[PDB]
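Given next, in structure tokens, is a single chain: the form deposited in one PDB entry.
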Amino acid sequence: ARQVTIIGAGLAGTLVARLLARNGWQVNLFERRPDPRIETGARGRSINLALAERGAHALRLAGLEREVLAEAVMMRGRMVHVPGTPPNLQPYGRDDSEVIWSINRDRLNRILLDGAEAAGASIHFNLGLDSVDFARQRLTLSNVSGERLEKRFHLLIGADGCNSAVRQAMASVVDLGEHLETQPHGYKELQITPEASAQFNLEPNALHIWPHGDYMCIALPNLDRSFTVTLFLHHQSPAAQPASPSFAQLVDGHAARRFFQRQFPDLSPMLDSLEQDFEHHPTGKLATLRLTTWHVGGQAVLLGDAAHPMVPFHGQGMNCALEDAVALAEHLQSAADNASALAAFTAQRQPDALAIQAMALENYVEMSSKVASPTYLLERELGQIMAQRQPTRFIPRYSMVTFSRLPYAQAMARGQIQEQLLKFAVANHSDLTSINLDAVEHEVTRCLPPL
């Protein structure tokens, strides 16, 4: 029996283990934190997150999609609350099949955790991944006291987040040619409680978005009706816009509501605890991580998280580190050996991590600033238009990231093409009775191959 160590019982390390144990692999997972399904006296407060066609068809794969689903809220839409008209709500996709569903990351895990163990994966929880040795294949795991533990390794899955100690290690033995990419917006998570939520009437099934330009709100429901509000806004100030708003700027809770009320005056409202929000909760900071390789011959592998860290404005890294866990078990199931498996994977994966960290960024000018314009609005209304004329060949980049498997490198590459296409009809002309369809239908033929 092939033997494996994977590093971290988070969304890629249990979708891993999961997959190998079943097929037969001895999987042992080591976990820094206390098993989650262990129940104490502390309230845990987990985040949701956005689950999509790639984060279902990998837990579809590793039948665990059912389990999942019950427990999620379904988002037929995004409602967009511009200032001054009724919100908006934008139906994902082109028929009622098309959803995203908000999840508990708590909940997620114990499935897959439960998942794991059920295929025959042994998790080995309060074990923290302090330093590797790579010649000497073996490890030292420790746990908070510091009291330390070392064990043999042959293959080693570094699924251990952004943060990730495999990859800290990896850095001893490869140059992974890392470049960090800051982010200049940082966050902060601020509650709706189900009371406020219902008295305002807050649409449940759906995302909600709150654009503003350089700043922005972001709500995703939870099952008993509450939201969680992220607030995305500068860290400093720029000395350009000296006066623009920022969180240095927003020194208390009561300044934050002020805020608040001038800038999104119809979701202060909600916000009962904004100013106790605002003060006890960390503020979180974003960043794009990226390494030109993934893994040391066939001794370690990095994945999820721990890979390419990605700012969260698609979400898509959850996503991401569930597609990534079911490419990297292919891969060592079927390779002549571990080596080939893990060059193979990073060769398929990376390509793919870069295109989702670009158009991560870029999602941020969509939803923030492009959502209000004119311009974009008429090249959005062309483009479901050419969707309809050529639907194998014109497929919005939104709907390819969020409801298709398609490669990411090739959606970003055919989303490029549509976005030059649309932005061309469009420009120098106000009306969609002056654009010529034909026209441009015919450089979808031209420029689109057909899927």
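Basically, rigid core = biggest C-alpha set you can superpose within 1.5 Å across the two forms. Residue numbers count along the first chain shown, from 1. Compared with the form deposited in another entry:
- For the residues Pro312, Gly253, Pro194, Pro87, superposed on the rigid core between the two forms, a C-alpha shift of 2 angstroms or more shows up only at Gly253.
- Relative to the superposed rigid core, the position of the CA of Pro242 differs between the two forms by 2 Å or more.
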Given for the second form:
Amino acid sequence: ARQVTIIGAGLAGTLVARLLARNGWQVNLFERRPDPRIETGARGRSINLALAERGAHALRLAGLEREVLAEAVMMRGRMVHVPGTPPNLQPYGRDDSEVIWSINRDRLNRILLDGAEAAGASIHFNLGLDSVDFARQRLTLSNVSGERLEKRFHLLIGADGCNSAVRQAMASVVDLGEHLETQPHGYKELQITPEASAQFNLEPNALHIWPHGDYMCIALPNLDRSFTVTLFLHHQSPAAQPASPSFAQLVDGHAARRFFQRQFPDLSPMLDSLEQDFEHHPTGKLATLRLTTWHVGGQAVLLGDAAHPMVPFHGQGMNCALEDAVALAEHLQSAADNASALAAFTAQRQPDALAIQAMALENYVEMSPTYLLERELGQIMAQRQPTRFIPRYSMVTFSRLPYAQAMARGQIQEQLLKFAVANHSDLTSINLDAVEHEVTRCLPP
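After the form deposited in one PDB entry, can we look at the form deposited in another entry?
Next comes a single chain, given without company.
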């Protein structure tokens, strides 16, 4: 039985643990945090995530999709809130097959941990990786007190998130060629209670967005009709725009309330605990990190956020990490040796990681005239050639097309629409048959 040590019992690490353990690998998984399945008197955790077809399919292959979806809220469309216009519900597709799922992160992690243990993995909590000695094949772990314990390893999977210690250890024995692109937005998680969301008729089966240019809020539903709201706002006001809002201007929760009342007036009344959430929840940081290599020989590999931190604006980070886990287990299972597997994994996944990293950054702008007309012509082309003209968002979210192919086809589509609408003011002026022939010329089924 082949041996593997996984660092991080998050989303990627627990899935890859299950996939390898059920294929007969001897799997030990090490997690810095306590076991979330051991109920304590601590406050619950209400962060949720959008699960799309890529993540769902990964869970399906692992036999866990049914259990996860039973605890998830269907989101049938995007609900865009702008003051002065009623909320506009933009359906994701023609029917409920094209939806995304709002799942509580803690509940998803618990289901995955059970799945990993059911397949035979051993999971060891309260042990955080501190360092790796690659030449001696040993690693050093410790609890929160820092009491150190050493373990031998044969294959090390770094599934330990965007601040990966495995990545830090690798960067010392190989040049990972890291390129860090900091994101100026921080984020803050806020809460809408079930009573408030019902009082204001907030639609439960939708993803909600309050755009406001350089900042915005999103809200995702929970099973009990509460919503988790996330504010995205610059950490600092730019020099050469020092008045603009930023976390630095919001000195306390009362300042945050004044900010919401002015900039997000239909949302502020739903946020009963704004002042306390704002002061008690930490401001998060965002970034894009691109690595030239993801592995050290056959000894260690990164996946998930450890390999490709991305901005969250496409809701694909977890979905990508679960897709990584499937791919890594597949390569390891069937390769000639571990070094071959890890090289092949990296070669397969790196172009797609770059693509979603880029599309996630682009997606922020797109959710921040000419646009209507292009989107209108695109809807017609999707009706005439539904196997050829598929909106990029739909390729990313509702299909398993490799992200880089989705991005390439999306650019062909966006250029074709922009050129077709240029020098036209309405659609009856446009030759739909000529556009369709360009679709069938440039977009294979």
